Amino acid sequence: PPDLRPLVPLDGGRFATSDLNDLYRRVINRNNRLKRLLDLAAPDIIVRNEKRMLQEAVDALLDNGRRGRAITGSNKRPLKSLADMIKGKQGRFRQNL
Amino acid sequence: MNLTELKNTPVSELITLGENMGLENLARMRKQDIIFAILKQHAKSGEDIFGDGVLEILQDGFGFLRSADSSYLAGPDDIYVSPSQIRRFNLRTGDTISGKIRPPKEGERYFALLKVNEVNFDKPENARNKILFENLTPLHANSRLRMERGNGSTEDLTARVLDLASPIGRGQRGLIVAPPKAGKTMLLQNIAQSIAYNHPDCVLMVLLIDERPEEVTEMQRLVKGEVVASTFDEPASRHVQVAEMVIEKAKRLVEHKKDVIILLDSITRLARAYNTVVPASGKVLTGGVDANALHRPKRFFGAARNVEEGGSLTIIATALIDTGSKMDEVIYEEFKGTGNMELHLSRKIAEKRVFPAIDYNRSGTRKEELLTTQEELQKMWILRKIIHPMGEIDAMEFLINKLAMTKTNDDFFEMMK
Amino acid sequence: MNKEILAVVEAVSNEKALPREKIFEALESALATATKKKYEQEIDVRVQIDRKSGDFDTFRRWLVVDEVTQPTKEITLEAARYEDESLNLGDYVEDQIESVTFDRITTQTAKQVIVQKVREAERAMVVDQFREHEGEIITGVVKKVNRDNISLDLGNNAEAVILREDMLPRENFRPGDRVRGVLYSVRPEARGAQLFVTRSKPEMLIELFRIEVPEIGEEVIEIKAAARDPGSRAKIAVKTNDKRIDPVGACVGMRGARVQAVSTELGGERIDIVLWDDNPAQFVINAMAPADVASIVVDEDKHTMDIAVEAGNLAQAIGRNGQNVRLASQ
Amino acid sequence: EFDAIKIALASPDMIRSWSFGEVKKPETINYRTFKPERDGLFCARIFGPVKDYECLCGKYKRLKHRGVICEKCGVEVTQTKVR
Amino acid sequence: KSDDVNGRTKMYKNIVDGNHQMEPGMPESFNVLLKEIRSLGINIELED
RNA sequence: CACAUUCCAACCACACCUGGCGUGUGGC
Ligand SMILES: [Zn+2]
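Residue numbers (the authors' numbering), protein chains in the order written: chain A, 246 to 342; chain B, 1 to 417; chain C, 1 to 330; chain D, 16 to 98; chain E, 1294 to 1341.
Because the hints were derived from the structure by calculation, they are not lab data. Don't be surprised by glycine CBs; every beta carbon is placed ideally from N, CA and C. Where hints are given, some of them may not hold.
One-sided and incomplete, this derived list gives chain A residues near chain D with beta-carbon spacing under 8 Å [what the hints assert, rightly or not]:
1. 246
2. 247
3. 252
4. 258
5. 266
6. 269
7. 274
8. 279
9. 281
10. 284
11. 287
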């Protein structure tokens, strides 16, 4: 849900966004690029690489860092995924339940 | 029990009538509360009411029926109408409607329209079979609207010079250009009288925007026709409101194949109003007028045209000049070349107390060849050639004398030979 | 700064309604009050902002009197040899100069006193331009009603007050109607409403005739005597300078055509139109009219008049509240 | 009120039933105006009205029009808690 | 006292009116967890 | 004719604010 995604208007034109927003946006971007490439009859290797990249994006959105490459979104720090919002001493169970 | 029957009679008749009906002192209430309480107490005896009024569209969807007693404004006696009636019977602004009405029911505060009986003096069955205004094919004026009475009274001269200076027709576009206190009011009154006498078939309406109340009360009982007005007692919101009311009434009536003639006084007041109610758009020129502040006067004036299928809409407005403020001038400026007929009155002639003070050659009518015949046109050209070399004032006096010797303009034309 | 002063004097809405001279006078009063509130001592100060040549310069008024209380504004009527007075009265000094006129409290008091001065000036102006028409019938919509007074608008923010004594006891008011009366009193120094319009007074009747009767206004039928009872009855004696004109057919009208109109204007007031006469006898007979008078007693020492009415016509000569007599006494 | 909780796999049809719309634009909001995107990550007709009892286009903002959608944006006017 | 979006208001209204009685409702953060698990490919559901 | 709502003397509705996340430091 949108309001369940942290996004608050910070001081100035910048907005305090969540780590899930970047994940969802990258997923949507790669999905749209894949849909475009499928219509233009892209080469088999190109659509193969695009499917691989979309798979990387969706598994990073699911559980970042589990695949092996912990991607960062900002500050060169590990990004927060959906699994991270449940596990550890910072998930919902340990902090909000 | 009809709404107009209490709408037109003066306040005194309402007083005696309510005092007869055993009322609380009605002298403490307004005219609208007078009619409201009287209709309340009449329906409390068990009568189904009939009413009439001009419709106004609101942005919430529903409509309200106004009268000419309130000059088409909000009042306690306005008749509420649902949007679904506006849908089924195809209602819109300007549609005058008369039919079955009841007072507001339990918890309501405005009358409700039960059953439509007359839409713009027509059967509500054919009211859906109407032609729109913008889809009309305008034309020039062909039918002549003779303004001369022929009785030869003292003031009738100010009408005959009309037939000699600037001809009028059904659907004409006329602009009165005159400084203040030159004689526009008496001219307009004579225009209204002559039209109501010679052409009682066409509906006659007059606009008074930001005028004095004495002029309003003298106008409403001098002309044979339903008049609407708005003095300076009220904000410009009232002026623009009555402006849509009257213009949409004229539009719907001409859509019903009727000849409408509107006399507007004055267009300068209406332009000031339209400018002061319009928000600022960042486009300001000399005088203090917004660039889009004139779109509404342009709309109201371009509403005039001559329809081909039947009916026409003549709009004759007066503009004010020489008022010391450049803003007024700028208004007249954009209204310089927009009209095809003009009545130019110079203060130099009115300064000698010789009436009517009309500038002959500065006045004229475009495409006037289709309004008059060949003999009349040739005689007009000869008169213009005779009056052109002379000045304004005593040349107007010459026309006044040549007009006063003869009874109607036929004798004047024959003498001019 | 002074540029702000010029921007203020040029950014006013009612520019001619309150001209530059009186604008700068109000600003001088503002700066004087500011300087007064600056020092703990009370001292009168003139500013002379120099409307177009230069900036402001405060001064120090003396108010020359033989007192010594707060000598900042005290000096004797004879101190004139040194400091170059040479006067008897009005000796003021120009010692303190160049005060501050833009801080917080100065801006506050300036705004307040400017609001007060502009509203007072505009009220006095809109009342004074109508003062020339004192004693005439005017139109105008009412503004607000109350149990003590009502407000009326004559157009262009023309505020007029009508007190309870000017209103009839059962006169009817509602915001929206045009109650017409006659202007009778003006007080251009009043802190509040000062335009006084009445309808209960007999002069209005004259003005009523002045707007209804064409005979009056040409001094052919002079209105001499007039007494009133609001909403109940008005007794008027009008004389005829000519001989072929009868007020019963001229001032009354044609079978109640004018008397009825002025009664409806006055809210149902009985109007006894009689003739003024140079004889007290006929005058009091017409005063108690209609009746049958069969007696006249006059006393100039006590200024009394005895009228023994006929037996039976009591209600015809006295009636309710003795109005037919009371108005005669009035 | 309710008994035990059940958990299982999510069928694609079940997800589509849960879905009140589809996000196609990768944009969340605009820089100048703080109103949400048309059908981006933050939408109105998909999730709900950003404000309480006020639509996105501002046409249906009164409590009388509460309960219906608009003709252009099509946002069911209700409380923002539905988001 | 913490999570009920509609209980804390009701409890405050009852207390200020002299009513010391509560209503369980449902914790909002629990619905948040339900939505988060639902956001995954996992279906969580409350029975009867 | 019917469905459906009705735009304004105090005032009820138009309220009130950054732990998103990390880092550093200190205390128990
Ligand atoms: Zn909307």
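A quick look at each hint next to the structure:
1. 246: Holds, about 6 Å.
2. 247: 5 Å, holds
3. 252: 7 Å, holds
4. 258: 6 Å, holds
5. 266: Because about 6 Å separates residue 266/A from the closest Cβ in chain D, which is inside the 8 Å limit, the hint holds.
6. 269: This interface hint holds because 6 Å falls under the 8 Å limit.
7. 274: Hint on residue 274/A: holds, closest Cβ of chain D at ~5 Å, below 8 Å.
8. 279: At 13 Å from the nearest chain D Cβ, residue 279/A fails the 8 Å test, so the hint is violated.
9. 281: 13 Å, violated
10. 284: 15 Å, violated
11. 287: It is violated, given that the least Cβ distance between residue 287/A and chain D is near 20 Å, above 8 Å.
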